[PDB]
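First comes one chain, alone, set out as structure tokens in the form deposited without the ligand.
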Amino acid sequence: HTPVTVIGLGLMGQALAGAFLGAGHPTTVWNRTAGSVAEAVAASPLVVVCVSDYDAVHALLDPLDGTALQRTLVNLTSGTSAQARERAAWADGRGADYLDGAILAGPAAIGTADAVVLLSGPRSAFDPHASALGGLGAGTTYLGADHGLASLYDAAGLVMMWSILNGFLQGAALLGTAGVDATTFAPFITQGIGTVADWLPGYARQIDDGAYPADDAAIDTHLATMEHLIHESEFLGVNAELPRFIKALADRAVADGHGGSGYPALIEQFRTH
């Protein structure tokens, strides 16, 4: 329906440009290895940027004439909320609408229901291009006004991801000591993940009030079991840092008199240092 530019053609850049062409957009394109970045920007009212990091964004966009963006810039590069909030300020000083986003999917998933693409920024920047941007997948989702949100969501997703992979590896190492294969273990552990996931909405309700009922599973009672996990790990000669970390956090909660509360009282530990 409308012209769009794509800047940066890593795997993901290509995929993004692919989806825009495949949805019938007159699509202009530019890469490191259109004549120039300025030519690419001048081509379309909607400009999408996907490059390795915000330093590259800085390097490609800062040198532009002050008039060049006076346009909606959508920055799907991964970075911190502070980086996103800076670019928002910069873009506003250059007279552009700015959305900051993050891609939580591989290039293959772009343009499909598997794609997840988070966008944050003011409705006035998003609504006019909602259709165009929906071309990247039904998982394309507008999170709200604060330009930092996509980065923060991406961070919550990443920390959870590494958390799970690390718990999986710790388990595989433990069971490995008795000769159980990782593929034998996996079906068991994926059932368990599902079960724990279903506890999260309720744990969310507890965190949103400041109320952490024990429900017969108080932090105290966790403690003995966490010690076992450590002893087990040390004794079999596998790494015990993760189980010690886990017990360290719960010790702090106990020391702040939260021993009697449910596990979600540990959110206080994750809020300080």
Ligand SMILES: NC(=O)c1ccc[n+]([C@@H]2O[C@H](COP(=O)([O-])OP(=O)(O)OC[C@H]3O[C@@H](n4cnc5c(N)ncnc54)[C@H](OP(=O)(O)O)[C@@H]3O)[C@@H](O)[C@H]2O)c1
The other form holds:
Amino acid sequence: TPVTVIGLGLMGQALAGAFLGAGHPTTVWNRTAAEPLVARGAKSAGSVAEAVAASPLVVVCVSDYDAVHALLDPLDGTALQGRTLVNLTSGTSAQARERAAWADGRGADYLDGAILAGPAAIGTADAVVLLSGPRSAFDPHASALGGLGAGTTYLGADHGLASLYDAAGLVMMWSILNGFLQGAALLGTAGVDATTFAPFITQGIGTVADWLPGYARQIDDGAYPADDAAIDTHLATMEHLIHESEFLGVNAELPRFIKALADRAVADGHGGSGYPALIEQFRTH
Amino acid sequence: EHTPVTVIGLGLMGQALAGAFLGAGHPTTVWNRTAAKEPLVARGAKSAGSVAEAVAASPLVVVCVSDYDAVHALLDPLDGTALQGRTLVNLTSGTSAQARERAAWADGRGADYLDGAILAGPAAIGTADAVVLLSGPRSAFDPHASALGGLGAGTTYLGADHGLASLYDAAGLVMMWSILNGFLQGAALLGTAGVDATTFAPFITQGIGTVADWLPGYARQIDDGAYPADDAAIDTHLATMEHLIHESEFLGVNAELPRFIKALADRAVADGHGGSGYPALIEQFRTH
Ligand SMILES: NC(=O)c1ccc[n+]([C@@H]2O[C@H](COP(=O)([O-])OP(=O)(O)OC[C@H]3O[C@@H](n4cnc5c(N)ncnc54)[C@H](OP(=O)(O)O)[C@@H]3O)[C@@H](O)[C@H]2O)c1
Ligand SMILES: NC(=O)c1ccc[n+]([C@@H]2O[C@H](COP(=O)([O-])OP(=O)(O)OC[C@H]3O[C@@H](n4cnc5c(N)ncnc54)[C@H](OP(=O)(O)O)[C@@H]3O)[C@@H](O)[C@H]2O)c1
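Please move on to the form solved in complex with the ligand, as the form deposited without the ligand is already shown.
To see the whole picture, the full complex is given below, headed by that same chain.
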């Protein structure tokens, strides 16, 4: 099964590498042409149009959806007819949904994706690559695409999903790093080093993560039982976190933000509910 | 051993504590404002007439009540002699300043003092799931180490400062609220497309594990003043944070959290740490 890869930054190379390493006749193109991939078995290509004509499966990985626009919008109406396009460029759900409409009007199958791992992980069990789009676009190329890693996974029909998953993962990542930093600062005031702190906090991170499947069950019904842990009882402790932060002269913006949300929930009379009732705060504005 | 211990305060957590001390074979005296709050004296527990009697019963006294204002209310009125020669362990939640205050007070009252914090629910007490942090001087902790281990294998002594247990509790709490809020932001986003929280959860917990593994390394960076980019500099985060905001606004979900995240990164860029790795943001968390 021949496959084409458009875009050869760090990630584009990894992608092409995995397709060669899995035995695919692999055609390649980049703006700045120029090499190692053609030195393994890769056929290099003269233009974008030649790259697209080479394979029924076309993969795109460039910096943003503006670059995607730049390389794909100029193509002939016929160039994509009957082909499957897989766009692994990072972007928003709206960008993905747009390319899906565009690709449909250009007579093509389209999968929108997102890579959640570094270039080194591609082709291993560490790779996570999410795909969204219709089954008719994915099933025929499932074997080919599995070549990027066992973590290559199909999320469902709506082309917006990969983006949304990538967003949920990113906000969680920033949330954790910032929580960690707030912690290290606090403890640093008493001279405890970050490296002493870390093993403590990773144990705790694991504990909290185990609570989430249950919080998900609560969110999927509209049912937020207190379980001796109601939002009201969090409130006092959040004040302490703020007072402690202020008093030691570290930043308190994060603790104050945390208290703000809980106050809102109390103000809509959800004081008596479990923490996951805060989903309503995250749903509005 | 049959080494006697007293427990003052019998809310959910106070009961669990007293339960663990009985279950470990300790002659266990008990007191609560709302007396008869009973099942404990129905196991082998001796109940007590007043706070003073409870303190006179045991060389080891443990306190677990709602806040340090309550602690003030029950302990300040005692005679100067009532605590002489005893070890007081306060497992009430509070601030480092509240802990350091009681340590001074307890010292002037002729007592050894450990300040602690419980990081687990009542059910976990007496098991391997219990985490109970203790801080204070070795002289206060060593002679009662066996007794206190009876609360769980996760019972741990943090060192001399009477403020450390509070500070560890704070770090753990802020991390906990940070993760839950991240999770809720995610669920709201994915909810717009009809994907259920329970579908989402296994995806996010895989990721949480991946990020946690980065932290020992981030700690090493923070402990030197050295924040190398590792092909992942704060500048390169910046574009993506804008997308998270634009996505949030556009789908009509809350965007305060994504905006807050971008705010901090902007500050770091404005002090010319754009080129550094993410852990250079510790400086933002250390000021204002
Ligand atoms: N590497 C990672 O850590 C990682 C992880 C997950 C996802 N991703 C995503 O993968 C995608 C690719 O990133 P990358 O690793 O390739 O980083 P990158 O090196 O910045 O991307 C470079 C690729 O984009 C092309 N490009 C950029 N602007 C262009 C334009 N106006 N016209 C034509 N081509 C343009 C570059 O062509 P030139 O030859 O002209 O430079 C090159 O092919 C990005 O969405 C990135 O977010 C990356
Ligand atoms: N349970 C948990 O999930 C958990 C987890 C970690 C830490 N903790 C901590 O454990 C400590 C105790 O909380 P808990 O869960 O046992 O709370 P609780 O169910 O509110 O029990 C609170 C205790 O506070 C006492 N109290 C409050 N004000 C008082 C006063 N002015 N004078 C005398 N006694 C007073 C109550 O006695 P009355 O019954 O007579 O009112 C009761 O024994 C708290 O600091 C809490 O943060 C609890």
